[PDB]
Amino acid sequence: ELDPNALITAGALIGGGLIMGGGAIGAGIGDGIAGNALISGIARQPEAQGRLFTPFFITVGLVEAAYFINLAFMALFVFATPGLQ
Amino acid sequence: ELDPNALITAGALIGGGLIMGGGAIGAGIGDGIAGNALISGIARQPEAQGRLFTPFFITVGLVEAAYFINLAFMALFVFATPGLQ
Amino acid sequence: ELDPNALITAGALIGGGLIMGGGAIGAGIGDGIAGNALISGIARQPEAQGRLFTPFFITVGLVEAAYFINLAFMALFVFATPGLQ
Amino acid sequence: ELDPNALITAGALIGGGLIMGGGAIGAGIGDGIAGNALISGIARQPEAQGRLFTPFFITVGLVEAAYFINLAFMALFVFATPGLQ
Amino acid sequence: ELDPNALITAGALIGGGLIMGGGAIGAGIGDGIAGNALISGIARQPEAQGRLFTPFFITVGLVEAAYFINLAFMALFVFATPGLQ
Amino acid sequence: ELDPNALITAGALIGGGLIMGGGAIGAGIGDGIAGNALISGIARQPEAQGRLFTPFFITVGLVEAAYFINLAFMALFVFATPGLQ
Amino acid sequence: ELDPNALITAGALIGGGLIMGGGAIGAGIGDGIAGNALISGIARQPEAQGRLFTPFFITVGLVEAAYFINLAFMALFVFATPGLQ
Amino acid sequence: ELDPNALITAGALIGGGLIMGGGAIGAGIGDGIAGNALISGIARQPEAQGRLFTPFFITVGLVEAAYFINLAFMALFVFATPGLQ
Amino acid sequence: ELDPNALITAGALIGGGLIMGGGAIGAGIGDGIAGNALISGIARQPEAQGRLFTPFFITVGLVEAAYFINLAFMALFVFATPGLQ
Ligand SMILES: COc1nc2ccc(I)cc2cc1[C@@H](c1ccccc1)[C@@](O)(CCN(C)C)c1cccc2ccccc12
Ligand SMILES: COc1nc2ccc(I)cc2cc1[C@@H](c1ccccc1)[C@@](O)(CCN(C)C)c1cccc2ccccc12
Ligand SMILES: COc1nc2ccc(I)cc2cc1[C@@H](c1ccccc1)[C@@](O)(CCN(C)C)c1cccc2ccccc12
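Chains as they are written, first to last, in our numbering: chain A, 26 to 110; chain B, 26 to 110; chain C, 26 to 110; chain D, 26 to 110; chain E, 26 to 110; chain F, 26 to 110; chain G, 26 to 110; chain H, 26 to 110; chain I, 26 to 110.
In case anyone wonders, no lab produced these hints; they're calculated from the structure. Ideal Cβ placement from N, Cα and C applies to all residues, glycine included. Each hint should be verified, as a subset may be incorrect.
The following label-pair restraints were derived from C-beta to C-beta distances [as the list claims (entries may be wrong)]:
| hint | chain 1 | residue 1 | chain 2 | residue 2 | range |
| --- | --- | --- | --- | --- | --- |
| 1 | F | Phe93 | E | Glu26 | 38 to 46 Å |
| 2 | C | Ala97 | I | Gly75 | 49 to 57 Å |
| 3 | H | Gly75 | F | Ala73 | 38 to 46 Å |
| 4 | E | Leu101 | F | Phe78 | 29 to 37 Å |
So the derived list for chain G, only partly shown, Cβ under 7 Å to chain H, looks like this [as the list claims (entries may be wrong)]:
| hint | residue |
| --- | --- |
| 5 | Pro29 |
| 6 | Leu32 |
| 7 | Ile33 |
| 8 | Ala37 |
| 9 | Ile39 |
| 10 | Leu43 |
| 11 | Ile44 |
| 12 | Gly48 |
| 13 | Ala62 |
| 14 | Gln74 |
| 15 | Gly86 |
| 16 | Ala91 |
| 17 | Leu96 |
| 18 | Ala97 |
With these hints in hand, go ahead and build the complete structure from the sequences.
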């Protein structure tokens, strides 16, 4: 027979899946869009290369912070579930 | 045997996952898109570097406010669940 | 055991989650896209850019109204739940 | 113990959340994409400004009609739930 | 005590929300994208204004047909639910 | 109390909803994107545009076939439910 | 009263709806984006028409293979459900 | 009367549908985007045809690997379900 | 009848599904977008293209790390389920 934590943990795993699924959508498309501009800018001005890598890494850093903060809360959700009985 | 808060807490965790999962989609894609204009603009005109960071950080400011306001409401949902019995 | 409001509040948290999740996806990406144009236009026409912040704030105003109307209805769902028993 | 309206109302709130979540995604990204073209067109031809505002407001009007019609049905779903017992 | 139509009606309302929530994503983003070409085209060549509204309204016609055909099926789902017992 | 078809019909309405929701997202946005090209190409080359309506209708034909095949399977799910008991 | 296949079949129909909903999103937007480049390339070089139709049909073929393979598994899910009891 | 594998199998089928539904979104849109550059590039310079197929198939290789690795895990979920009792 | 792990494993398969679904959406589309730039840049600058594969593989590296970290957590959810009883 069920118990309250079976329901709480099921919610937690779905909740955690939503957090990382959305995190990977944000990060994969975000990084690809940042890389796109990098590849294009180099293609247009192949000596611009040096000055493009700082704006690129700032963008990626922002994108990846969302992925990583999401990851941390997915870890909280399934390894230390808030509201667990 | 199930109790009311088990069900409410499972809903809270799924809602909190929706909130953060949508926040990361918006943040990563929004920031990548902004970053794509920054990188391209710098590639097109290297001395516009400083000029371009101002509208970039205004833009990133707005995208990031959506992410962290969502983060606050996810924390309300899972740490101070409204409707908990 | 369960009671009706456990199920209703669970639906409310999940619906509130969809509402904020969707709101930040529209907001992050809508503002990113608006800011991309702002950044590019400032890169292209540094002088006559003041004429650009005004269409930008209008766009951002529309995008943010969607985010905050959604937020208002999330609050209603989870703090004044319609159909609560 | 549960009752049929607890299940119906839970469905209604999720249903309503889906309607507004999707409404905000459509409206935020739609408006941002319309604003993008507005900001760009002004940047390219800063006297085009006058003739751009009619096509802009037609686009936004279309985008916002979807948001508003969605909002109306979310209101029906949770305040006058069809099929309520 | 639950009855069959409570469950069926809850499914109907979630399905109807999916239908309209996806309709608004498609309508708002589709119409914004069409509107972006209209605005840009008018900005590029002001006297193409009349010429450009024809393919724009054909395009908006198609996007809007998806939105209102979805709206009809959402109404079938929630007002004349198939499978109701 | 519940019977098996209540649960099956509920799954059917939710699955039918996903099918139409997804179909209108692909259709709204696919047609918007096709029409964006049509509008721009007519703006750029008003004379030789007749050659454009033909690739446009092919694209729209493909996009609409996805919408209407989906519609056909939504109808099957909700009017001739596979696995109904 | 329920039976195991009522739950299995409900899962199957939702599962099947997810497969086709996502299939139509992939195919509608994919085909529209392929058609966009076709319409644009013809508009820019109206004699390029001949050499554009092979890359166009390769792209569409790839896009449509995802739709069709998804369709086949949705057919498996709801007409020959794996794990049916 | 329900048994454990009925619930587990229903979860398996929904998870397997998520997996393939997300795979087709990524594959169709990813392949359309790659194909859009191929078509445009060939339109811009007809004799670059052979040159452009190499980076196109590398790109399509990567997009398609996501689709078929997802397909393998969907098959694991529904044909060899982990956790089946 | 049911047992707690039936419900937990079901949540695990659904969460694992969200995680892989999201991962392939980010990966398909992120790599498509990166490859679009690669293809265009090679079409525009055939000589100095070697400088492009290096930003391309960096972008793809970031996009694929998101896909494969997600895959790693899907495996954890479905093969070493956190909170399993
Ligand atoms: C631009 O505004 C519109 N344009 C439309 C265009 C077509 C149609 I058919 C309906 C339209 C409706 C409106 C607004 C409206 C104005 C007055 C009354 C109701 C609705 C609006 O929906 C806009 C929301 N978006 C910005 C996301 C709104 C709703 C709810 C709260 C608001 C609060 C503040 C401002 C706007 C609010
Ligand atoms: C362009 O068509 C294709 N190209 C493919 C390319 C690769 C692969 I591996 C499979 C492909 C399959 C097809 C079709 C097909 C033709 C014949 C038989 C089965 C499938 C199709 O799937 C296209 C659907 N899209 C437009 C969204 C289809 C399915 C179902 C009903 C249809 C009804 C009418 C027309 C097409 C229908
Ligand atoms: C580029 O990497 C980063 N940039 C960041 C930027 C801002 C912030 I605030 C956090 C950041 C965190 C990281 C990584 C990290 C490095 C070390 C330790 C933890 C996290 C990372 O999250 C990147 C994942 N993406 C590629 C999707 C990661 C997580 C998990 C497993 C990884 C395995 C291999 C490589 C990277 C891994």
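Here is how each hint holds up against the structure:
1. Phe93/F to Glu26/E: 38 to 46 Å: 42 Å, holds
2. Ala97/C to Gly75/I: 49 to 57 Å: This hint holds: roughly 54 Å between Cβ atoms.
3. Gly75/H to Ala73/F: 38 to 46 Å: At 28 Å between Cβs, range violated.
4. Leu101/E to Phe78/F: 29 to 37 Å: 34 Å, holds
5. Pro29: Hint on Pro29/G: holds, closest Cβ of chain H at ~3 Å, below 7 Å.
6. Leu32: 5 Å, holds
7. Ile33: Where the cut-off is 7 Å and the nearest Cβ of chain H is about 5 Å from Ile33/G, the hint holds.
8. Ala37: 5 Å, holds
9. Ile39: For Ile39/G, the interface hint holds, since the closest Cβ of chain H sits about 5 Å away, which is under 7 Å.
10. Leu43: 3 Å, holds
11. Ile44: This hint holds: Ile44/G lies near chain H, its Cβ roughly 5 Å from the closest one there, short of 7 Å.
12. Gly48: Constraint on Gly48/G satisfied, holds at 5 Å.
13. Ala62: 4 Å, holds
14. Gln74: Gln74/G check fails; min Cβ-Cβ to chain H is 9 Å, beyond 7 Å.
15. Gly86: 9 Å, violated
16. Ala91: Result: holds, 4 Å to nearest chain H Cβ.
17. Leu96: With a closest approach of 10 Å, the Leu96/G hint is violated.
18. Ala97: 10 Å, violated
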